[PDB]
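A single chain comes next, written as structure tokens; it is the form deposited without the ligand.
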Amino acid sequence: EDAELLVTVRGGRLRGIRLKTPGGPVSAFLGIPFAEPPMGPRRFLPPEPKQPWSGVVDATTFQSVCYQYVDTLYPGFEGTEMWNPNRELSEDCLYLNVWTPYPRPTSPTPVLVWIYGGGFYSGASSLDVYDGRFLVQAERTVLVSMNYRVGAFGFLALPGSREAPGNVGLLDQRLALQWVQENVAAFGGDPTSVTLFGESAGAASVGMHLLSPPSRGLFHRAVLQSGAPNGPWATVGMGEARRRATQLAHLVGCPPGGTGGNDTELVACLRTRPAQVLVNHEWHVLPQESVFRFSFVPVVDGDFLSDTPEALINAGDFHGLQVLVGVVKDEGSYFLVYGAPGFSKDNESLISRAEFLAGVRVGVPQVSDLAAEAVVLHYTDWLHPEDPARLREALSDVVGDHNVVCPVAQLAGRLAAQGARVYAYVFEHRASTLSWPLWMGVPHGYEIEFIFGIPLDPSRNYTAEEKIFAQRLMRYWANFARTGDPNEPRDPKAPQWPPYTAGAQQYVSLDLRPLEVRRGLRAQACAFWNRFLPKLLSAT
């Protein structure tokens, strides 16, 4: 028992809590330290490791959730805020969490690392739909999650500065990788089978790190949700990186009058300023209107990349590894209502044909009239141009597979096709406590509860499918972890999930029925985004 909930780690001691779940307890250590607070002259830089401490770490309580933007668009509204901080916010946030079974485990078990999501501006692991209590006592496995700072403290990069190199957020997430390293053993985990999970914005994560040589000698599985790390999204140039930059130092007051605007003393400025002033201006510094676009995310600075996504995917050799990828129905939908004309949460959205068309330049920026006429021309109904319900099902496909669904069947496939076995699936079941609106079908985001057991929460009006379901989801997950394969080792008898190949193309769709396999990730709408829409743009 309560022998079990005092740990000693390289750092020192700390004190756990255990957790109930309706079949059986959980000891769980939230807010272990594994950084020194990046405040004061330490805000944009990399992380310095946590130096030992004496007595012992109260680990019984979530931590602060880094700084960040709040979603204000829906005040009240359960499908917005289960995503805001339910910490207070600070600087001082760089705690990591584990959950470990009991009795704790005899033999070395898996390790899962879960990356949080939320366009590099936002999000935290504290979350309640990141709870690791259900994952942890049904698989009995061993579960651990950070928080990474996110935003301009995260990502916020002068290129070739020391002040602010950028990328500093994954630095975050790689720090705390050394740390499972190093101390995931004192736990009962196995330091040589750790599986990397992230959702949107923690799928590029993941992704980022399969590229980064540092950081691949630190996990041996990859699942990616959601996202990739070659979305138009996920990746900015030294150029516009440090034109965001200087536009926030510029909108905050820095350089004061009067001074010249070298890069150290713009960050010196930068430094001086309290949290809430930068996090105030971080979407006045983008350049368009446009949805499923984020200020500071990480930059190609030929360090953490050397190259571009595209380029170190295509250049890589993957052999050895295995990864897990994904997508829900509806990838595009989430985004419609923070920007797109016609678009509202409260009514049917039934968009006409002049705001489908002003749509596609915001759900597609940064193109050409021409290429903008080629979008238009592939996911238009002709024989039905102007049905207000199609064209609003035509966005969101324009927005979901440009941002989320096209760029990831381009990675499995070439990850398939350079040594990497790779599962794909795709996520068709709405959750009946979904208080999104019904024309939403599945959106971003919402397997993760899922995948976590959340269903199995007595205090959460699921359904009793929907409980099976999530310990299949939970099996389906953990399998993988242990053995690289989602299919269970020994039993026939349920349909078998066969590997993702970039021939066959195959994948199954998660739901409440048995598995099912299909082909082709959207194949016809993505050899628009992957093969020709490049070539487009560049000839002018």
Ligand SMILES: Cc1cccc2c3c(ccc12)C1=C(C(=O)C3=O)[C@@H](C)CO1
Second form
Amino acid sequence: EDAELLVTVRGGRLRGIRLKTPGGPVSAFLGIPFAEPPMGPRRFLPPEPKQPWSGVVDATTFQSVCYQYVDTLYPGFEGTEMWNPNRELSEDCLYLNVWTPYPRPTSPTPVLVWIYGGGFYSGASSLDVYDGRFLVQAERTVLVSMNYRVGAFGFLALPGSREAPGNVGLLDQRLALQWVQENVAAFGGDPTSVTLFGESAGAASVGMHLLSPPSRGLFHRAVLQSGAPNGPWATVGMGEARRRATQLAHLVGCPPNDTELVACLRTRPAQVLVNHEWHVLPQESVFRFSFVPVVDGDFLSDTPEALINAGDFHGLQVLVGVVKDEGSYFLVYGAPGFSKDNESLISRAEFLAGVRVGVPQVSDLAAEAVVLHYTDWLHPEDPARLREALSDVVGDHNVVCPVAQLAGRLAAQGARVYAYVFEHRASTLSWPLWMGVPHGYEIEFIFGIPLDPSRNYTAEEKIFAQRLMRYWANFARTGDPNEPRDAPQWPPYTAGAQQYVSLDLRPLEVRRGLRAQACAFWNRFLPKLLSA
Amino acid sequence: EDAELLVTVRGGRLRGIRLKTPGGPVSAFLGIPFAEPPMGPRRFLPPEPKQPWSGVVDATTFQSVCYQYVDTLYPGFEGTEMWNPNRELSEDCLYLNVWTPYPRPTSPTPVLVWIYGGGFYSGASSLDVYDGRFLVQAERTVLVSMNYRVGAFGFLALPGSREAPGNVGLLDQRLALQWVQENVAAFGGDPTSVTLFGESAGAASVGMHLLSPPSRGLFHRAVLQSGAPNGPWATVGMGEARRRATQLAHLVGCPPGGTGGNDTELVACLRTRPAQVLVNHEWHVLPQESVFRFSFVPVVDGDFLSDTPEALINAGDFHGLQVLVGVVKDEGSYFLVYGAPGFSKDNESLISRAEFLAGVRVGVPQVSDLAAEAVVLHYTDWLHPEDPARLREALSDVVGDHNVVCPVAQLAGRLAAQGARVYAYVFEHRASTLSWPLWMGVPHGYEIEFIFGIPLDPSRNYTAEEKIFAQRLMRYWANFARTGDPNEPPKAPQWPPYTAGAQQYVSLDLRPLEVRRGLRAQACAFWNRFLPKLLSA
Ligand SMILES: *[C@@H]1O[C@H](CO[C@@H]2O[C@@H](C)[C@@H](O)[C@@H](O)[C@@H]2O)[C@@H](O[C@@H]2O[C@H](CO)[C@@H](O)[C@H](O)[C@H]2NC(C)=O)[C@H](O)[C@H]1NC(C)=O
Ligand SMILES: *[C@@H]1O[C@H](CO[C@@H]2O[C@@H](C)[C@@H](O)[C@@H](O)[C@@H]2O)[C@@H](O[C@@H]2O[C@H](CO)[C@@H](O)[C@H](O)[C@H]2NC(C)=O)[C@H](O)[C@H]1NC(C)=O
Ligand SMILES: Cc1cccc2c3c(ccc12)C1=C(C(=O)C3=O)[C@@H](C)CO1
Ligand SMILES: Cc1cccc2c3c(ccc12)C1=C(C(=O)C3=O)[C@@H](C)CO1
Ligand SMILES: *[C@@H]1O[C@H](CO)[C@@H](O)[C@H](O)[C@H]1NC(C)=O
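I have the form deposited without the ligand already, so could you send the form deposited with the ligand bound?
Next comes the full complex, this chain leading.
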């Protein structure tokens, strides 16, 4: 028996597993229960803390994926399958994982806490691309990741109701953060040095914890990769959340009053709610998800935009960034003329129809403004430019401009902010060349996946992954990603100078402006238009 | 008596003068009466044709400048005084001018008819910069210019009234064009080949004649320099014109103890005021402090213009028409010193962000806060939002694009798509003699002297290159007048037609023609396609 793999936490005893990496071993505790199973009468309810157990929990393998939609766009294709559930689905899914150096650290080690993305409707901490073994070995941090409920199970809301208050997936995440406060020291982690990091909806989640006082006391620093709590897809108002929940109930034959509606929903098999969840959206769109965090005054006391404007962010350091081509991946899910299997050289008519798919639920006047700004009026009908332009529309509106607005406001209100654009397209990418560096494709580099010999990355890619892991861990340790002067240095982003760095195989290059002209449109003008 | 200097026109006999030009002699008939003097009871009324006379009228010097405002921004300064009246002011001003080769052409010669600009409130055919002698000598065309009423006298309108129906200054121009049809042959001119040209409000006027069927039959080609009839300053609606006329009447005491009332009585009272008294108040009836807005301009009242120029252009079939159109490099700069905060010809006008924002409201007057925010969005560099030189240039672009470039671009694109052959230019040479500061670039009005061949005047101190440049331009303009195509009937760089898709235009400067694409296409998409939709909602 190996004592390094036996840990006692508040609820009881656990047995972990020793993992190999090319750099040496790591200890892992996978599938640690942190809540009571949120099922039966507990579906839609806030998570309850896991009650203490006798005996030893086997923490040697990932637990179930929270019940969710499974993508079917391209069955068996690596680029989509890599995001799909890779363990069995269950509502019994509130488990978390801890990776630590081997042997266990005996002094307090900085903690990275990963929150997966997936539009709040999908994702799992067990995905291969989130394997924490390389970051932990290389950079000697403790890494924690949790599953949280998604889709209707995590975000269905009848606002005001006790039976389905909404935001329970964010409470699962908060409960995991509390568990980290109470137990991470037993693994060698320092609960006073916790850095949250997340991508996409995971990044939106990180932002929401920043903006919610009861979460804010549970961590110290934040990293938001390709996502922000102020993204137009990341929250829904109370009225529309009620509308969607009510429609879902109808679609699944409920009722046979909030209490009655929820009671009926609780009788339905999980897969039945999943089968209808896309259909409660108000229109056909890309980058919109039915069940997302609701602004109801509780978890979020106001919209993230308002909270961001009102906040004093002295004492916060935050690392934020985007990939080179944020919009491209979403276009194959509904923009007319798009496919991963051709060049997607669309026509002007397709472009104009695509603007309403990618900028859903705005007035005709707003759409015309989008078309004005994203048309090259010297080449209004050129298909390659139209393809790139619609990618820009979707990527700017949903990711780049919300991230830029968060970055500028936080910096202006006291935070120290570092910004990047990730510009390396992986040698192993399975999506077509036209998509460039798509959403999600920096993650495997941050997690050091190229170091895995069984995969096919180049030697240059391994060095690049090592560089990125070092920036991320430097940031978690000190609030500053920089290595000692040599360089160039990564300067802080500020509302005026707007400096960020390119992350690519080449050394850091400093640039100015996160699509400043386009983001002035989305961040400054378009809301005034929508308001009048 | 010299037979070359004697001509009989329908009204009677004329005597003209022989003018010397650096290239040789020209015949000039200056100050030919073409209407009855529009004064006393004829003030505000359409022009009446000139009654025939016995004996010989001496057409031997320019007649009076139509009564108008006189600029006082920079007293004595060449750059402003060159546009000010250079003959006595009078309401008795409806005379035109004919220049013809000496000896008179023996076969019918193409005619150019010049219409001056000046915002419909100013201008005169007598200004030195419109001297027709060089063009006639160099290119052997006949040149005609006319005075037309301006300000209140030409454009005060009480729509529906017979006593001040509006647009009478446009009717003055039209009567002159009819005179050309009836009489130009007596001077050796070909009435079947008349090309109108004009700059600024004169260019807007040309376009209004294009769009008004009774004028359209009086000429065959058109040139629009730095102006268009669809310009936002160029026309006013019936209600706003009535409001302006009524407020002007009120400011000078008409009617006594009241506002508005019976139109006959209102106008009768206005007709008793001294001309200068109307002039002293004409700027005060505008709805706000602005630049590039003028109180009394053509009114869209269903008569001269049956619909807005914008709509007439969109609806028109322009097959059979050739047009030449263009802009100078810095259309906006000249207007800024007339009211944009922080601007002066006497410093660098390096304005602050706050002055830029205030200037946007002065330069894009009478739009919603939302429309103004859209302008600020499109004209701010969000990487350099407070940089004074960029702000100075951006406000110049705002004013020039909104008032001149984008209206010309829209007219050019619509006419081309609807049948016309169109040629477009940007004029990019700053005159060696220009007296405005360097920051203003090539300002509004500063191509005219080259088109008229003014650098060929010895008493002026233009360079030899500039004389050669002037000769080139006169050649393009007269080629266009003769053939509907400015290109030379070889190994010379060719000027391609402008079309809605390719949007090709040429750069006019000392260097040879360079072909470029797009008349500020991104900016003009904003002004022409989007901003109107915004204003409607
Ligand atoms: C590029 O492909 C899209 C998507 O099409 C699918 O994938 C192709 C590789 C091929 O297998 C097609 O038959 C598939 O339909 C094409 O857009 C579609 O066009 C078809 C008609 O040809 C229409 O029935 C679908 O509804 C369209 N789908 C969408 C999402 O618009 C597009 O035409 C292709 N571009 C080309 C060929 O230039
Ligand atoms: C640039 O000049 C403008 C215009 O001012 C006039 O011209 C100057 C050259 C000088 O002769 C001034 O005395 C003239 O008033 C300046 O704008 C003005 O500022 C004064 C007070 O400083 C104010 O009373 C006027 O209203 C302003 N005029 C405007 C706003 O049109 C401007 O400040 C000058 N820029 C400098 C000096 O950097
Ligand atoms: C089934 C369905 C309907 C409408 C939109 C969908 C979408 C996805 C998957 C299934 C969808 C989908 C994305 C979308 O933007 C999207 O709109 C990406 C987040 C990848 O999976
Ligand atoms: C007296 C007065 C008030 C308001 C605006 C005026 C303006 C000019 C002259 C006098 C003005 C004036 C121009 C304007 O744009 C302008 O707004 C240019 C056309 C040159 O003369
Ligand atoms: C206006 O007053 C004059 C003054 O006599 C009169 O002749 C005219 O008919 C009046 N018109 C109207 C419409 O009242």
